[PDB]
Amino acid sequence: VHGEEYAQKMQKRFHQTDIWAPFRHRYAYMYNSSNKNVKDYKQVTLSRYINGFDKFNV
Amino acid sequence: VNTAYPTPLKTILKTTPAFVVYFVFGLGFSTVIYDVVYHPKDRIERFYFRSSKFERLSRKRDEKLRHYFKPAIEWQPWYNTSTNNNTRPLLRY
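Quick mapping for you: the protein sequence lines, in order, are chains am and a1.
Numbering (the deposited numbering) for the first sequence: 118 to 175.
Numbering (the deposited numbering) for the second sequence: 2 to 94.
It is worth saying that the hints were derived from the structure and are not from the lab.
Treat the hints loosely; a few may be bogus.
Unchecked claim - Result set (DSBU-like, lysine-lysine): computed pairs, CA atoms no more than 30 Å apart in a straight line: (1) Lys42 (chain a1) - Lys65 (chain a1); (2) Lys71 (chain a1) - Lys153 (chain am); (3) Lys42 (chain a1) - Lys54 (chain a1); (4) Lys153 (chain am) - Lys54 (chain a1); (5) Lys159 (chain am) - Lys54 (chain a1).
Okay, chain am solo, but in the shape it has when bound:
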């Protein structure tokens, strides 16, 4: 809406495009930079006790 030049220069971050630096608000630290609980808090609390939350990997 503000122009093709505006759209192009707003989406450009680095002058050097060889390097990939994906944007992160923060970087994962625990569990060797990984997420142990890929769920919501209710899901975690109930899945530790209630069946049906775990859909398995097979």
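Place chain a1 on chain am using the hints.
Chain a1 alone, transformed into the frame defined by chain am:
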């Protein structure tokens, strides 16, 4: 002929009722813990930190795809709740 127990054996055996009741209660507690862990997973889920990094990535990849990738790829501007009770980010910032 008197085939009675040895006296040291008798003396140490007047504690075995307490030993047996302790074993019953402890087995019950451990079995209940085992079943509480077992029922949701239909198995004993090995702990996440007890796995290699590739194993950790493979275990939770399906959860990532089902809980974050599908909502993000099928997202519409009117799908988000008007309140602030949205889905928390995977990495809380």
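In rising order, the numbers of the hints this structure does not comply with
none
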